[PDB]
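Presented as structure tokens, the chain that follows is alone, the form deposited without the RNA.
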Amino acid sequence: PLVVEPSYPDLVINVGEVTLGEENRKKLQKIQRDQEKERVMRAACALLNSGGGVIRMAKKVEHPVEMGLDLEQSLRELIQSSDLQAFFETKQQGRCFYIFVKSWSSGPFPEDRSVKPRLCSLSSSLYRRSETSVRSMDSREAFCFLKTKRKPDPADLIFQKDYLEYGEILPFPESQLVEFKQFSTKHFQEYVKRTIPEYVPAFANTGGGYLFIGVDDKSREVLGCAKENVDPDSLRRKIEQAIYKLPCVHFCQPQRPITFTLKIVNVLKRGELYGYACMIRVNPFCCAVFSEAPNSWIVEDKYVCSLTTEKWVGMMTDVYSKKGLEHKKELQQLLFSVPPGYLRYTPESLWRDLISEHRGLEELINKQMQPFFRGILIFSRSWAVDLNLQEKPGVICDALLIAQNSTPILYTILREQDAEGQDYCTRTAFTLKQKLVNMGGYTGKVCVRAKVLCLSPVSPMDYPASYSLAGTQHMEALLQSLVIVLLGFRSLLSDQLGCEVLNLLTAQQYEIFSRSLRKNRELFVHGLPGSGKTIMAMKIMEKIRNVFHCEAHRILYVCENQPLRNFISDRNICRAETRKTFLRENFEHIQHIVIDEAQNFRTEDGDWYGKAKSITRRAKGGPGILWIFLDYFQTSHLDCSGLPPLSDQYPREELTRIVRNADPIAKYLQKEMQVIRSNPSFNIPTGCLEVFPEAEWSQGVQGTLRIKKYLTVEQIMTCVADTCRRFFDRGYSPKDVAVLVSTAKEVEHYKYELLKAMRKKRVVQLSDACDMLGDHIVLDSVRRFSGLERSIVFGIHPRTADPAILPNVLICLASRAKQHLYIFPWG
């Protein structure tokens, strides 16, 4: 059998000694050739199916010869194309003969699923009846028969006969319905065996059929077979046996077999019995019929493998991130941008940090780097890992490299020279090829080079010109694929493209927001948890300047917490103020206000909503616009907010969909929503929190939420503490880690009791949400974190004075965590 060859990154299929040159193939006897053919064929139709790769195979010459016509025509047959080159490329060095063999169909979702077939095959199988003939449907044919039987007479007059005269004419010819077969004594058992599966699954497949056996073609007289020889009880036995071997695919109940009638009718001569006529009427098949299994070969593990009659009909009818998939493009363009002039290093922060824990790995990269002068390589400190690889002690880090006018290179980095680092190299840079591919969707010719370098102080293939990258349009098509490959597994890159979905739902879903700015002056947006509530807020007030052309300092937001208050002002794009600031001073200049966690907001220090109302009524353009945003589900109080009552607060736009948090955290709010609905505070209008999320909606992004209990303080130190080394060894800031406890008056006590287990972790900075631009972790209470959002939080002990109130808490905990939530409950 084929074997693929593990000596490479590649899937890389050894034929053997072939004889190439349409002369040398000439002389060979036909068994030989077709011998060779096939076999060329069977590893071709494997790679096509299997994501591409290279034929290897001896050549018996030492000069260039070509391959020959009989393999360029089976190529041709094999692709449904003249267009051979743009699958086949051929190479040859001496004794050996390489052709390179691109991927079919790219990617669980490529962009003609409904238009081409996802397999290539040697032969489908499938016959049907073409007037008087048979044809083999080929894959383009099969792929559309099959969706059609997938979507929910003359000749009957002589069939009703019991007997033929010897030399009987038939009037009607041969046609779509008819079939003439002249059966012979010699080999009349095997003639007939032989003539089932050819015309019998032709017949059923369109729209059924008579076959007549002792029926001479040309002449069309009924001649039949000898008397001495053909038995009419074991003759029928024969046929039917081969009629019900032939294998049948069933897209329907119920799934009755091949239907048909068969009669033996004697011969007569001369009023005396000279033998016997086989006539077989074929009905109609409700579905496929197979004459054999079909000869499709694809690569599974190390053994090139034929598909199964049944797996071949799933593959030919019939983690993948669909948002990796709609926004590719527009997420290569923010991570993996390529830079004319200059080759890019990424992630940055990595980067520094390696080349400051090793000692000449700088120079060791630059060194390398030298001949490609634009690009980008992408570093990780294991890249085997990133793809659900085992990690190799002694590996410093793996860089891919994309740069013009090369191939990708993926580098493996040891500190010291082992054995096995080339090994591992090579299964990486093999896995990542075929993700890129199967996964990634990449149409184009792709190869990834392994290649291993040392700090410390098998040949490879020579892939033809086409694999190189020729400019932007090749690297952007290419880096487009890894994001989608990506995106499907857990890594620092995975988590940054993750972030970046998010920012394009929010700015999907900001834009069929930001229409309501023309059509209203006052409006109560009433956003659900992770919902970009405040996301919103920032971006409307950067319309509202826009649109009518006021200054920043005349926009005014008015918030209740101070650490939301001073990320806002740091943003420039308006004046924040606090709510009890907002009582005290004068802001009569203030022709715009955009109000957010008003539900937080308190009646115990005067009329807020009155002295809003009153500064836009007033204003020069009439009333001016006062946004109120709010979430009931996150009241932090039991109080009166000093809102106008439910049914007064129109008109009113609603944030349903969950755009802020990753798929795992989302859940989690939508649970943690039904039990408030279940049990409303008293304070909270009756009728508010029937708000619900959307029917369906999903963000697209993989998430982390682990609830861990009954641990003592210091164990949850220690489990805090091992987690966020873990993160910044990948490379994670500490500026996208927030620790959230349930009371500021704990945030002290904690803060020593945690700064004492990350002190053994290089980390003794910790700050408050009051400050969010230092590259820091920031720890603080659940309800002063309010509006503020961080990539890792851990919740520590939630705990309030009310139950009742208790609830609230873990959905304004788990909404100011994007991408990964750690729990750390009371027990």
The other form holds:
Protein chains: 2
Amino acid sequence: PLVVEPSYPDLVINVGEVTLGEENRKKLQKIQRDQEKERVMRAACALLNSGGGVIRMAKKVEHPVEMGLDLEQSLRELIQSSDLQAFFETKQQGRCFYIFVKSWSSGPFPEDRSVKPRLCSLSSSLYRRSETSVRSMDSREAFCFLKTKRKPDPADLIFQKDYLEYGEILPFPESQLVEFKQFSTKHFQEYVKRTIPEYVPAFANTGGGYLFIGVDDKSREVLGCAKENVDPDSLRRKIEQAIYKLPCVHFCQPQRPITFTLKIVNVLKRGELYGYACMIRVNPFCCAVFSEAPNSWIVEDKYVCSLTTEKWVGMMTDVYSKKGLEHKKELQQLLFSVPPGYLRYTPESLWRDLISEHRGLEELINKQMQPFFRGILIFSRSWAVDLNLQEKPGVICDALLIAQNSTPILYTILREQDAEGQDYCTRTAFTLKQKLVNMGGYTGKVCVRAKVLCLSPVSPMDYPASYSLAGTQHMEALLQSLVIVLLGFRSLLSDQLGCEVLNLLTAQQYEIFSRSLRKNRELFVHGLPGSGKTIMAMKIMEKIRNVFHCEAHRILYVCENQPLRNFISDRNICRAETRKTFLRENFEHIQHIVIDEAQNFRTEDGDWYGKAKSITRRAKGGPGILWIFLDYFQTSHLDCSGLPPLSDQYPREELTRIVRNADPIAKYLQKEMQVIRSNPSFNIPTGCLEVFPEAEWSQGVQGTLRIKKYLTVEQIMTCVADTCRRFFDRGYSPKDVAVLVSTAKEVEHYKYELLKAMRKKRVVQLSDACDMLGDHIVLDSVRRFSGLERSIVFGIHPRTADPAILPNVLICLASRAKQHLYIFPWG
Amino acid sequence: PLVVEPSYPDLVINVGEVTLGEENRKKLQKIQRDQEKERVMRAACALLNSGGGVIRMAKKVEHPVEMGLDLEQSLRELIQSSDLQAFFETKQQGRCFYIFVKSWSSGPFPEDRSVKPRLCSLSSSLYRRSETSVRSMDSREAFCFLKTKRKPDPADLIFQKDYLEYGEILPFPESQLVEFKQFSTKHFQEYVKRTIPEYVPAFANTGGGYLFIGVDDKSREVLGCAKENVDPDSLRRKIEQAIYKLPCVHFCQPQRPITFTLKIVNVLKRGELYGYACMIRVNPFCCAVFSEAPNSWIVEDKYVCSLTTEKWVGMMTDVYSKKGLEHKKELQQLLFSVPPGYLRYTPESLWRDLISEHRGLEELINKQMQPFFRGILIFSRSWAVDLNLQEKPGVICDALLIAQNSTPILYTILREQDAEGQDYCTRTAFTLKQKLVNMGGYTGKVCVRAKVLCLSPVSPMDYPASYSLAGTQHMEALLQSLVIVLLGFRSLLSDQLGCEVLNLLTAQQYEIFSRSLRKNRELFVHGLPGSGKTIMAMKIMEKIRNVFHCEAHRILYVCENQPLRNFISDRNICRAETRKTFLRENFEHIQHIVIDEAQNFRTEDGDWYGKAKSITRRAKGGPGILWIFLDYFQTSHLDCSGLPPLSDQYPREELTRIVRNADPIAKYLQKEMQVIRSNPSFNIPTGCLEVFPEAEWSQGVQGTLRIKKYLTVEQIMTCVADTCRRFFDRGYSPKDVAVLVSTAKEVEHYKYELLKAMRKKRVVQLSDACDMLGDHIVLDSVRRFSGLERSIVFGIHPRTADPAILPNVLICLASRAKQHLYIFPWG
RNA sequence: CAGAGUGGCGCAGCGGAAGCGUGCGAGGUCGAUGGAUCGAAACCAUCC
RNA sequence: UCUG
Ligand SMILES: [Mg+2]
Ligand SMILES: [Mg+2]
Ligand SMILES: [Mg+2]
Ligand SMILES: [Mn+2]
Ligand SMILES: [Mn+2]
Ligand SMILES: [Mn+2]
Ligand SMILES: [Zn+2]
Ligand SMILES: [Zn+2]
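Shown: the form deposited without the RNA; wanted: the form deposited with the RNA bound:
After this comes the whole thing, all chains and molecules, with the earlier chain placed first.
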């Protein structure tokens, strides 16, 4: 058998001794020549179908040789093209000959998915009748034929005869429906056994037909087989067994076997029995019939394995993320932008952390990076763990180099040398390359070299020059495949990519939403939790600036909460104020007004809606913009909000697509919204909560949601500290974490407890919700975090005065978490 | 030579005598065998590339014979598939052998454009270096190669040498970049000259390479050619001339020629000059290099012609109604819906006219139609005229039969037997079939039979059974291709299809528009001329009833003009009234109000807008719907309309896509809207007319715009009557025509004047705009025709009392025509 | 435009099979691959 | 691969 070599960062199949050179291979005997050719072609097919690799063969002479015409032609047949260089490149050194094989297909969703076949095969074992000849279907023909099958005569006169005259002439020729065969003179039963697989499947795959055995096909003479040579019952039994032995694959019901009529008739010479002639009528088969199992190979674990018939048909007829595939170019430009003329280290925060914790690491890396002038060096605590592989103690970090005029290199940094370091690095590089091809959908020639570096005080293959990243196009394509690969795993870079995907989804929804600016002066925006209400408000204030050409301070933003007010003020896109400040001060200078979280306003301090109406109507350019954003699921009090009735809240816009939270958080939000609908708060007008989220909408961004109950306050705080420490060690910054509590009164108690639990984790700095721009964890109440978001949120003991409002507080908490949400309910 | 036979309704190529049968073809000399094969393959390639046809060949034997293995294999090579039955079917009758060829690709926009090449070829003449061998690209390979090009070494150490030593061993083998040749005799010059065309193009197309002439293949020793056989100057001249003789095609700029380096180096023997060795370095070429012209054939005019290199590359790399292509299925189910279980005649009005005009036509057709149980028979005055061919006097009618278990048949009915009737029918059927394939994109096996019928009391070819319409799928696909074909011509059916296309575009825009119903209670809809405003209003009322579940009489429609009132009222979708009636009467039972053409309202009778506000505000579902449709380009007076200010007209919806007029009418409306914008009326709001048509929007519907000036009134009347008579002869109805005049005072004059002409055309029935549902020509004023539309409009002498109102009239007139507009201005 | 590639060397076969002349019983799978044929070096195609 |  063929076995993949284990100590390489690629798929490497050793095919042993092979005779190379056209003269050398012509001097061989055909049997050994064909055996060597078949070995090489099985290896090539497996590598084509398994993501690419290297074929290693020892050559018997030192001097450079040509591969050979038969091997060339077999590779051409394998890829159905004369463009060998697109998939095969050879190098040779000393007594070694290498064939570097590119993947035939890459990714779960190729562009050519409906155009080209998924596999390469040495043979498909599919035959069809083409006029008077039987022709094997190549990979493309078999693909089309299986697609067709999957989508939902004077010969009969002779067939009806119960006997034939020796030397009789049949009145028709061979055709699409008729075949004439003579009997072999030597081995009659072996001959029929050989003949049935060639012709019966071909007729079955195309309209059926007649097979006459014992007929000269040049004369159409009936000859048959001498009775001394054949026994009709044995012949019939052999024929039937051969026909029933043929593999068949059904795309339908019922799955009845091949339908055929077999007649053995007497051949009478001068009216007396001379011999027997065989006639088979093959009726058209509903689906594909194979002469035998297809000759297609693939790499499974560490072995080169042939595909079964049904597995082959499944591949030929049939955690990935569609959002990554859709946005790969934008995501790559955002995170992995490749600069001109200098080498970039990312993530910068993790790089700075690593060089601070480890002495000489910066010098080691900078020394190793001297040869490379342009590219990106992507760091990580453990690329192995990033790819769902086992962590290795002693590995300081891993770095992936993607630089111009170089192949991808995975670096593993060790504090001190270890025996398993090289094996660990090779395993990680192999996994990364296979992911880049099979999950990331990279269609080029790719290799990842595994190099182990040490801090304290098998040989790599030389790949062809086509495996070095030539320039910007190659680097960007490889980095987009890397984006797709990373989005399928849990890691720091994966979470950053998920944040950017959520931002892109919000941008799409905002592009749709902003068309309402030209069409409404007053507008009531009813957004659902996680629908991006506040992002929409900020972007619409920006757009108002450019559309009405008014100076930024002419636009006013009103909200209920000081933390949200401060967050909006930090961007300088407008003037931001709280309901109380808005009602107290004077704003005749304001043209346009945007009100957010209007469901949380209150009437005691005045008629804010009337004041906003007056201010916007007294504008110079007609009645100014007055857009009121609100979300009735996120009501924080049972009092009157001061909004107009639901009948008078027109014109209306609905933000129903969740674009701000990962998939688990969005599902939790939907369930909580349904619970709210079942038990609505009585201050909300009856018909408000009948807004339903988009039925088939999903974010395609993976996140985290854990509910940890029955814990004490001390246990909760210890768990929070441990999780935060793990995130920070992996490379998350503190400013991506928020701890939200039941009420503002418990904030100080839980703050002291969190500091007690965190002083063990080397960080002692917390922040209030009013300082979102600081590099610290924010601890506050769910109420005071309205409109603000963090990647990681810890929800501690969500509870309120009215059990009816507890689902509301759960929604308000869950909607603040973008990717990771930890809830610690009461017990 | 090969010429298509003229007597047939298909492309028929006569290839003459051909030897058929494998045993008979083996007896031939190779020269004759190959000549016959080449002739048959030229015919097959031409038919594949020209929409299909029949190859006729006379065979030398009476009895049936198989085609022959070489012919089978050539056909398989031509279609790059063993599925011969998909494109070729054979029949033989006595001494004639027929090959029925299907089109390779159909239509200007095939669904597989990016996958398969548009042409079949005998050879592409494109060669690539494939390791150590040169291979020609098949059609698919060349398609991919030209698609790629269309986008905007130790060998060098031996090449750089000034001289070589006899017996020197080259240290490299033949490879992707190196080719060795060794000619040892006289004729060395001819050998290298004919070596150039096969190796230089391959290297040029495949990244360049080296050609060493004078190197032993097996040992790689430099031997060269004895001095006495080679003259270096002459050799260089031949090599350069051969290289520059190679055809090249450029997709780029600059179109620089092929770049190469040629060296004739001295081969020394112990320091003594022995001979010459020739070395060529071929650099990669920007584009495709051909060894010769491609071998591809096509039928143009009556000849089978070979494509030139440039035409072949164009066809391999590069009226057609795209709207028809998009909507073919809906258009077919609308106009050519095939019924189950009976034969349908269309158009029904034209059929009735024909059988009323001609005695015995009904029995003739019904007796001819007995064999057919299911299908459709499509009548016309002249299908030849419909297909832009010449009209033939004596043809009563043409009918296209599309029935199950039959081939398409075009019937030509003559009043009396004629000699040229069969030629006319055959030409029409040939044109129809060729259009169905090359313009309607029909990818099945299609033939149109041509039968001539006589009202007064070359043999046809028998097609394979696969050309008969098996059932619903084939008949519907053929009728959809017919829809596409008809939409590219002028005819009654083409106009009906264009009307349905306009309706489908309006329906798409209404689906986009109706989403505003949930979001708005008050809405001001600002439509441009031809934007479907009234259709939107009607459909929105229909949706209001369905969504609010209120009875139709609860919805009120208010307009300015009695004819539009009547037209809307007859729909029974609502209560419809005029402005004055609305002010006068009581409407407390009304929930919703829709107001159309609001810019034409007047303030004299009262505050209609205030009344509508009051009525709608007090509905059960809160404030009721109050949608006000209006178009300021279509104003009818200089007086105040009573609408609220433009700033107060919010929220707004703008209908900017023209969906109710054909392309010429839409372009005319766009041109005149600029004239309006140049000088708007003083009563019109300042900024309202700043709305613009959708930039890249086109209906894709053919229409007619004719402006006939410098004519007197009787000339106008005669032209109108003549055009109406021509339309009615072709089969149009009088209810498709409107004659619009400047004012109602001139209506009485023009009505008598128009009758004075129509009494010569045998129509004496006219009506005003209030009888739009009758079977008569409508004559009325342009303003009185507000909100209504007809397929054919004659606009006569537009006029007004003030130049300030003059600009609107031409738009207000042109917007009322759907497909045909005739304007008769002053002069 | 055609032809040739079978014992070290030169060569005949022309549908059932490995032989002749030279060189000394030995010496080749009839240039390679694929195809038709019940069946080949022999018929067909492509390639070197 | 070579030859006429
Ligand atoms: Mg013989
Ligand atoms: Mg052979
Ligand atoms: Mg066989
Ligand atoms: Mn046969
Ligand atoms: Mn070679
Ligand atoms: Mn060579
Ligand atoms: Zn089946
Ligand atoms: Zn070029």
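Superpose the two forms; the largest set of C-alphas matching within 1.5 Å is the rigid core. Residue numbers count along the first chain shown, from 1.
Shift analysis on the rigid core between the two forms singles out 186 from 367, 186, 519, 218 (C-alpha displacement of 2 Å or more).
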